[PDB]
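Written below as structure tokens is the structure these notes are about.
A single protein chain has been omitted; all remaining protein chains appear in their positions.
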Amino acid sequence: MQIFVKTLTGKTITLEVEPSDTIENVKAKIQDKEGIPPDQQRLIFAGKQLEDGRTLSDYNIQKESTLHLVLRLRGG
Amino acid sequence: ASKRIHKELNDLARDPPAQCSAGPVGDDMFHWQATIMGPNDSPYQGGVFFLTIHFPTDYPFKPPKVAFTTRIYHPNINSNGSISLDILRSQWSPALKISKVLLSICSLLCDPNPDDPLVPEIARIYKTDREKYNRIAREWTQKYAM
Partner (left out) sequence: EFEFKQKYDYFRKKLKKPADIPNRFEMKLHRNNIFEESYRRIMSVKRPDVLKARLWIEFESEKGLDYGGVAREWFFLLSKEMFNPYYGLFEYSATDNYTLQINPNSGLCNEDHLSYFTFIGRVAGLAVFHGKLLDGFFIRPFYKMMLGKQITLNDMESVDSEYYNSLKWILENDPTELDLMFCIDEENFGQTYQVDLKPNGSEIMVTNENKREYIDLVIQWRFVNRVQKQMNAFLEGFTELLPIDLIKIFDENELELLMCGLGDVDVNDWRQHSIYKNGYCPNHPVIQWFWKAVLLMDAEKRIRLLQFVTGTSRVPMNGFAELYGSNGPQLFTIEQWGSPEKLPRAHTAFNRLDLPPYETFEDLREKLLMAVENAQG
């Protein structure tokens, strides 16, 4: 199963994952291809924030589905 | 804004948000002052904290400016009493009500947010040296809250 993670700049993150991976692990993988830590990540999919407590099956994130890399930087 | 504020005001004396009480002081209806009692069994126990709810003429399309008056040692509230709380800025909705913004603040009090800090020094001391933090916060409450 292969997917694309698009950054707000353009550059895209193609990756390898099992349909049962907890979103939280898609971040652990993105944390080694970009160095961007997990707590500062937000993967939006078709206008929906894909939680960490779910998987790639819970949102039907199939082969080739593009999520997004919107950096949660602004502080609070 | 007028009827909005007024009505939102009567609603306070309808279901007084537990642990706090905000209300307009003076006759100005755009300048209120609220109190928040340090949540229990939290280092801010015992003390009381004053705040300033200033409604801009753009309320409710623009969030109200809420700030701490009483000094407090917390990771998301600085020495000006500025509060880094998302509903006050980014996640504000014209539907949100003060009674909700107050409790939301009481929450931030007992269960701080060390990962989206406003005062780094404290955040760290709260993450690494937690017991230190409680010591201090407890001391500050004894100085400015009582």
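To keep things simple, chains are lettered A and B as they appear, and every chain counts its residues starting from 1.
We take it that contacts are C-beta pairs under 8 Å (C-beta built on N, C-alpha and C of every residue); 3 or more make two chains touch, one makes a residue touch a chain.
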(message) Of the residues B:38, B:43 or B:117, I need the one that contacts the missing chain.
(response) B:117
(message) Touching the hidden chain in the complete assembly: which of B:4, B:130 or B:135 does that?
(response) B:4
(message) Take the complete complex as the reference. Which residues in subunit B touch the chain that isn't displayed?
(response) 1-4, 7, 30, 57-58, 60-63, 65, 80, 82, 84, 89, 92-95, 116-118, 120-121, 123
(request) Considering the whole complex rather than only what is displayed, give the residues of subunit A touching the chain that is not shown. (result) 7-9, 34-37, 40, 42, 69-76
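Criterion: only the chains that are shown with their structure count from here on.
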(request) Go ahead and note the Å separation of the Cα centroids belonging to subunit A and subunit B. (result) 34
(message) Applying the document's contact rule, which stretches of subunit A touch subunit B when the two form their complex?
(response) 39, 74-76
(message) Considering only the defined contacts, which subunit B positions touch subunit A in the complex?
(response) 76, 84-86, 89-90, 113, 115-118
